[PDB]
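J.: So you can see what is in the structure, the chains are spelled out below.
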Amino acid sequence: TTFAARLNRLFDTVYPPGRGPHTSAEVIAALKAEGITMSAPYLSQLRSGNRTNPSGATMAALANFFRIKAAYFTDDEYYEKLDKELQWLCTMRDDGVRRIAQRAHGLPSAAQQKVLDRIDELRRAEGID
Amino acid sequence: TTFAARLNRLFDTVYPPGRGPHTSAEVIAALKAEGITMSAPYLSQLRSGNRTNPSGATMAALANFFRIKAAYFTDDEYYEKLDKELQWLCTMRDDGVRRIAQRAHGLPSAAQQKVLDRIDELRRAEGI
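In order, the protein sequences belong to chains B and A. Residue numbering for the first sequence is 3 to 131, as defined by PDB author numbering. Residue numbering for the second sequence is 3 to 130, as defined by PDB author numbering.
Simulated from the structure, these hints should not be mistaken for laboratory data. Be aware that one or more of the hints could be misleading.
Unchecked claim - Here are the computed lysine-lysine pairs in the DSS-like style, where the Cα-Cα straight-line distance is at most 27 Å:
hint	chain 1	residue 1	chain 2	residue 2
1	B	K116	B	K86
2	A	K71	B	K34
3	A	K71	B	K71
4	A	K116	B	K116
5	B	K71	A	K34
6	B	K86	A	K34
7	A	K71	A	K34
8	B	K34	A	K34
Unchecked claim - Covered stretches of chain A, as calculated for chain B (at least 3 residues, CB under 8 Å):
hint	stretch
9	10–24
10	75–87
11	92–100
12	105–115
13	118–125
C-beta: ideal position from N, C-alpha, C; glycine also.
Use the sequences and the hints to build the structure in full.
T.: Here it is in structure tokens:
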């Protein structure tokens, strides 16, 4: 929940289909495309963490870039109100979870539950739980 | 499957997190902000299909907004490779499968397999 934390978070979960995440320069690019002078290193130093605490414009820019609200960055709660769906994304990019979802999509609720229950058996078994 | 639909297919699949599908108006405005200009009711009739076969450049600026490639409208290869994969959501979203899918993410490589195995063990109990 540093700046660079929630920032990179975006960088790793929000991006167009058939496609990987945006580059820093891809962001910088879009930033000049709406007329915004942010130095490309000024992205890096902030993603690394060399001097956190950026200004609101500096924040609202890249919130509006990813097309989410900058309350994400400020309000610790919206961060959490969001991150659910936001995590949820990097969930469904996972083959395995895909395969599973696919297969178990045709069982009855009753049988799909055993799956859910079987799932639990294995997280416990891994020390996940 | 025609532009008026392919463009309508996009508003209803591609939209940002914690957000509703994209709006035509906010589509026009967002382009304008680039310095890029486009009519409101052109698009409206465009989406109605009351004016098809648009500028090669009209398609581009428009894909650019949705952050996808322009081929989505021309190239059906890229398309089917998408919208059916874009069709993943509603079938794999809010189903109850939601939890099954989101619990299962944490799992290790071997574990997910045991779950794949467990499913056929359950399908078999019906017919497979």
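J.: Assess, step by step, whether the Cα of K86 of chain B is no farther than 27 Å from the Cα of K34 of chain A, and give holds or violated.
T.: At roughly 32 Å apart (the allowed maximum being 27 Å), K34 of chain A and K86 of chain B break the hint.
J.: Please check whether the stretch 75–87 of chain A has three or more residues whose CB lies within less than 8 Å of a CB on chain B.
T.: holds (count 4)
J.: In terms of beta carbon proximity below 8 Å, does the stretch 118–125 of chain A have 3 or more residues touching chain B?
T.: holds (count 6)
J.: Just to be careful, I want the Cα atoms of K71 of chain A and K71 of chain B compared with a cutoff of 27 Å; is the pair within it?
T.: With a Cα-Cα distance of about 25 Å, the restraint between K71 of chain A and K71 of chain B holds, given a limit of 27 Å.
J.: How about the stretch 92–100 of chain A: do at least three of its residues have a C-beta closer than 8 Å to a C-beta of chain B?
T.: Satisfied; 5 residues make the cut.
J.: Do the alpha carbons of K116 of chain A and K116 of chain B lie within 27 Å of each other, as the hint requires?
T.: holds (13 Å)
J.: Verify this for me: three or more residues of the stretch 105–115 of chain A with a beta carbon less than 8 Å from a beta carbon of chain B.
T.: holds (count 9)
J.: Hint check: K116 of chain B vs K86 of chain B, CA-CA at most 27 Å. Holds or violated?
T.: Judged against 27 Å, a Cα distance of about 25 Å means the pair holds.
J.: Against the 27 Å threshold, does the CA-CA distance of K71 of chain A and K34 of chain A hold or violate the hint?
T.: Holds. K71 of chain A to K34 of chain A sits at ~20 Å (cutoff 27 Å).
J.: Verify this for me: three or more residues of the stretch 10–24 of chain A with a beta carbon less than 8 Å from a beta carbon of chain B.
T.: holds (count 5)
J.: Going straight from one Cα to the other, do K34 of chain B and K34 of chain A come out at no more than 27 Å?
T.: Between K34 of chain B and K34 of chain A the Cα gap is close to 14 Å, so the pair holds against 27 Å.
J.: Quick one, are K71 of chain B and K34 of chain A close enough, alpha carbons at most 27 Å?
T.: Given pair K71 of chain B, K34 of chain A holds - Cα atoms ~20 Å apart, limit 27 Å.
Of the numbered hints stated above, the single one contradicted by the structure is hint 6.
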